[PDB]
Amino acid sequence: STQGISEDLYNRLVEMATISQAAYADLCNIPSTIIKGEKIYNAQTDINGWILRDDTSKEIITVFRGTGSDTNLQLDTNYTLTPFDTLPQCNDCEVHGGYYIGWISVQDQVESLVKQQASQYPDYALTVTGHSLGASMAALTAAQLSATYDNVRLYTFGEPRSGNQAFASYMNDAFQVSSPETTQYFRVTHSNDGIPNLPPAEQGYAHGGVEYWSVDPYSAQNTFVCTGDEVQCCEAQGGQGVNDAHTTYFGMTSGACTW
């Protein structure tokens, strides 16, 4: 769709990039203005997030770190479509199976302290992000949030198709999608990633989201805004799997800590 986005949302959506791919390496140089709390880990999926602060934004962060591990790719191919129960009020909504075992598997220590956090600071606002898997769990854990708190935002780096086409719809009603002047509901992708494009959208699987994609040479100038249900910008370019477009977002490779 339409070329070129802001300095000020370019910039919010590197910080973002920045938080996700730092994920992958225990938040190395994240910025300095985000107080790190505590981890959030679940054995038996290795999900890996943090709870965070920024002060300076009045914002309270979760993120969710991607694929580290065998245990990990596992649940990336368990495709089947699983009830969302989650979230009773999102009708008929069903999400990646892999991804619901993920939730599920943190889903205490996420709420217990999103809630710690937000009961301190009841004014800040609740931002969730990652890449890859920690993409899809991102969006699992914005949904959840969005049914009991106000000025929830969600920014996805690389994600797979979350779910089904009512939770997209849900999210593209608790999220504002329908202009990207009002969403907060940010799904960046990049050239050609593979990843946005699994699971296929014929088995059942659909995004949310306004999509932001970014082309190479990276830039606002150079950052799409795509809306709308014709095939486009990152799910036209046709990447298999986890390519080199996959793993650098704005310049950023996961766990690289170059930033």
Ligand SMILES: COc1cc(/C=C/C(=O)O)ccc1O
Second form
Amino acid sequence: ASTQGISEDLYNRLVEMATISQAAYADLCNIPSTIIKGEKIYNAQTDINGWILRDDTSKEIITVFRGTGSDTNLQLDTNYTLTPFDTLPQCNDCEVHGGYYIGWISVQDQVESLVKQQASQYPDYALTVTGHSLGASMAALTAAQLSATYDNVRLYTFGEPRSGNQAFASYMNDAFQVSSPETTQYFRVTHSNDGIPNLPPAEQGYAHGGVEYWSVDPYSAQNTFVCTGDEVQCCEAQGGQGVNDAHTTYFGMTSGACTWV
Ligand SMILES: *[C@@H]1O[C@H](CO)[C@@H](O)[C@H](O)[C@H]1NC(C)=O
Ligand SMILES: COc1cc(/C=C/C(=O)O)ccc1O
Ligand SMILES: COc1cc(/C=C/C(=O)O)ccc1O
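Structure of the form deposited with the named molecule bound, please, following the form deposited without the named molecule?
Now the complete complex, all chains and molecules, led by this one.
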């Protein structure tokens, strides 16, 4: 289906996670007041940047990754070789985008130790992972690993590439209850004709998982669509090309601009 309209509560949640993702490009400018900032995640070889955060009000530990912000990150973006996802031996025949797998391995020990430290102290909190574009694929690989280790794992992505093959997409669909929009814990958000959700091309053995939430302009709850099933539809049907204007700006927030309250 491609169903018009979402609730005000869900729209507010998508805008909150988009704000965190776009603020990750400018040292977390103007993130919600309900959030305590924890340790920085960083690797010098890959230039992967992220943070661990905590929202006591909503009882969640949030991990965010920045998208592309350097020449080194652009090199990762264009390594389209599929690589076995050996992080999860139980993910049968799962393969991931080769550049993003290097990025994930380069920060894995930091992410896992910092998440363990928070989860051990707040064992009833949910774990949420988010990011934009390259940061969205970093979030997907991270959330897959956490889902095998913890309860109540959630994933909000914005302008996400195809992160791996169909086996990886179906593992995520099962682990995140994607079979209904009423149960999903994986919200794969897209905007208008963003070109990045069309890369790598599906013909190279790549696939998306999750429920797609497609924001059409002008943006609002009533002009966001819920997209499920195998038909080409929503953002992917628009056939946008590459890094374009729609890619940069989600719910009126441009990466790193700090124009939000
Ligand atoms: C692409 O990434 C994979 C790991 O996921 C790596 O083994 C391979 O050598 C990379 N390709 C290049 C050209 O660096
Ligand atoms: C998956 O393919 C690509 C992804 C990006 C990501 C851009 C960003 O994080 O801004 C750029 C070029 C690509 O070919
Ligand atoms: C030009 O102004 C508008 C256009 C739309 C169109 C919605 C769509 O076709 O999906 C919605 C609200 C507006 O204020």
